[PDB]
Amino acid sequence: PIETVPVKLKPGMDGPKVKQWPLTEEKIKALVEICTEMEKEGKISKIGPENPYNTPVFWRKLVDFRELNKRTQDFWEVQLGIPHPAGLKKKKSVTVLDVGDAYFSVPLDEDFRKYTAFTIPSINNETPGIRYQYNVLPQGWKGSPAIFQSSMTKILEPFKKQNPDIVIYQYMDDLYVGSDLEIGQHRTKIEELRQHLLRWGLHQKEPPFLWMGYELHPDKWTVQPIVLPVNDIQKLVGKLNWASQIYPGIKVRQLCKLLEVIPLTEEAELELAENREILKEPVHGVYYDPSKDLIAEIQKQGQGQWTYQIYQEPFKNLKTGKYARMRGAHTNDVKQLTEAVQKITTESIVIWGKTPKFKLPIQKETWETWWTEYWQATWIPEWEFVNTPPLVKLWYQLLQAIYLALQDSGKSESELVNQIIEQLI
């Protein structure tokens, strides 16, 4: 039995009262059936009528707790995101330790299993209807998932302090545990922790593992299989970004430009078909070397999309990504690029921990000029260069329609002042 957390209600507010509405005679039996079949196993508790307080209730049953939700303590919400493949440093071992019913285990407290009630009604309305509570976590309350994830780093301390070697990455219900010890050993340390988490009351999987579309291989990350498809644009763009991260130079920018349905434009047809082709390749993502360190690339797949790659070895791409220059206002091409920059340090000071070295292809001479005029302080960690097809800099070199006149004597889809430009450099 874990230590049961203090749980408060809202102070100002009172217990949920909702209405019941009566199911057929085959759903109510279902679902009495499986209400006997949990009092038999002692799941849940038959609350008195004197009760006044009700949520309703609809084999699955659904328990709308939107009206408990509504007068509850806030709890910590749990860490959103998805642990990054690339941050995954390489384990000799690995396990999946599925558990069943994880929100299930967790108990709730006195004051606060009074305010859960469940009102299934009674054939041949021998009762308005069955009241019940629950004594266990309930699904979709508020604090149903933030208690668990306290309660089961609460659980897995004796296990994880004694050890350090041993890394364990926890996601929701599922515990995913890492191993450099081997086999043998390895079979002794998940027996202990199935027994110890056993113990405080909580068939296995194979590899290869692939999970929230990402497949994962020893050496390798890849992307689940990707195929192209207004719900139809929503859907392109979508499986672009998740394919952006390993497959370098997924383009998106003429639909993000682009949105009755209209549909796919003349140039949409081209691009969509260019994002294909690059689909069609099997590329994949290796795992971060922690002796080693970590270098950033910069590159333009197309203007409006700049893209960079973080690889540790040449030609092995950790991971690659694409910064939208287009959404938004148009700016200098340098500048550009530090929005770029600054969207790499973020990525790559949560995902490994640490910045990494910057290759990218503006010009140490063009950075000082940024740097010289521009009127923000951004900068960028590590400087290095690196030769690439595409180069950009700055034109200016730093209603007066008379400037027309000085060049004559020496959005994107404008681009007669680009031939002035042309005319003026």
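Numbering follows the first chain given and starts at 1. In this text, rigid core is short for the largest set of C-alphas that superpose within 1.5 Å between two forms. First, how it differs from the form deposited in another entry.
- In the overlay on the core between these two forms, a shift of 2 Å or more in CA position is seen for a single residue of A268, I278, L156, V283, which is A268.
- For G178, the Cα coordinates differ by under 2 angstroms between these two forms after the core has been superposed.
- After superposition on the rigid core, the Cα of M13 moves by less than 2 Å between these two forms.
- A displacement of 2 angstroms or greater separates the C-alpha positions of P128 between these two forms, with the rigid core held in common.
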Given for the second form:
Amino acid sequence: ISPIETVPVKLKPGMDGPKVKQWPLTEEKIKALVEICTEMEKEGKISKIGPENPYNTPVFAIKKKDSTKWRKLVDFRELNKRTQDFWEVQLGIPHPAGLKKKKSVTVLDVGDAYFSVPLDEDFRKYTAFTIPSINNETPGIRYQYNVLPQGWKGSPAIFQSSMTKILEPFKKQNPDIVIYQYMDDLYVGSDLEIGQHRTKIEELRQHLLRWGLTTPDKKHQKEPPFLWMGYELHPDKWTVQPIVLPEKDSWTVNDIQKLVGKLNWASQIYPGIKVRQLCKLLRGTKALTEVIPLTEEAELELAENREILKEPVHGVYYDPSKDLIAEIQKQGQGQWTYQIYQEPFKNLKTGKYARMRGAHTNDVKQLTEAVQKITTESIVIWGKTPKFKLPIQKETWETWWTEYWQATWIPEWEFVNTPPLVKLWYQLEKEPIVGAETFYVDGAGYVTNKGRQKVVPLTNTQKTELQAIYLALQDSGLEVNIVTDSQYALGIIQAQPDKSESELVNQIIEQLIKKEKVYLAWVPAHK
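Mind sharing the form deposited in another entry? What's above is the form deposited in one PDB entry.
Here we give the lone chain, stripped of any partners or molecules.
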């Protein structure tokens, strides 16, 4: 408390301190509030202030959780708005996969920490609250916060900085002990045997006590397994908390949102979770009371998902010496399940790469994006890119890489043999074919060097051109050379979408999946 230094805090430039009027309260509320405030003043958390200070933040009395007693909550929206923006506390929880196995791990939750770390003298004035007096006889009793208030914008950042400053000398003196910190709690882990570990944790508690932060007793400390942010941290395995899917017959939009969230959360350890059809249902904006029927495809998806969730799965903590290995599998169209395992059949983390909504791309391009996403998440969690294992053949990758127009790279990878195998369905040639029927199209007919012609009744109202490009394929034969008036059709065909999202692309692909040589060129519109 006393040794903990004060961080300079000031209001935003050009803004005055909060000034709010307190509304009258009930007689039991005011008596409970004055009792609690007097107890705090005895403890020194708050100090009475004179009438010269015009800053006031309203107070509200709420029944304590499962308690008839009326705890005190002070609103801080105004002062939060009028405060210098502090550095945000890190919003990403540590992933249990990146943790390294240690012989003993203890959970130390610092008690009443925001009331232990003090506050700046200049800023103490604005954090003033008034406890009203009945019958309007007196203005009331005023108080101010000598210590970090709760609900304030800067409480997490200031407390985190103070905790780091306090813990630094202990980390310097003992380097083996690793101390994670998330929210208030301190998570301590050492490779020492339990006999020395209990002594070291007692030493840490004494250090925090001499710096004024209370810690739980030895008996009260939790014992494994630990439940933390939906993760069940066993000694040698980590699993997600038991996930039960709703059996509700009629699903509302909010129910679908919860189901998709639970399935996505379960995907991190459970392999083979598919949520794409449910997300397709969810894309239509609707009221939370709106009831959307379950398509047969979505019902199949939910059936296979609930079948997958029936089995239990576990993950394994990271061991630094061995190298990470990541494997991608294409479960279906637009779904790619990726697994990250140091050793075979011991998965650190499973996941899925959902296809971009409303995007049709070549499966090799989707594979490249999945590889990039794996690289990013691996960097964030472990700090090293994995050695990938991908379905695509090296020759197919080289062909698409050299022909494609962007810059695409993939880290070190090898070829694992498994169905399905991702390959370019049609390799358009970039040179013409002699002795083949030269072919002209227009948005739809076939105008030919042989002399055949045709006409399509264009709707009075470009698809007919795509129809013509399709109509070109079946009319010509095995060896075809076509030219196109518009660049759009050439771009669509050159992107080589094996996605087969639309019916016209479907028929084009079905036609040219067997044609041995099809060369398309673009000839400008002739004036």
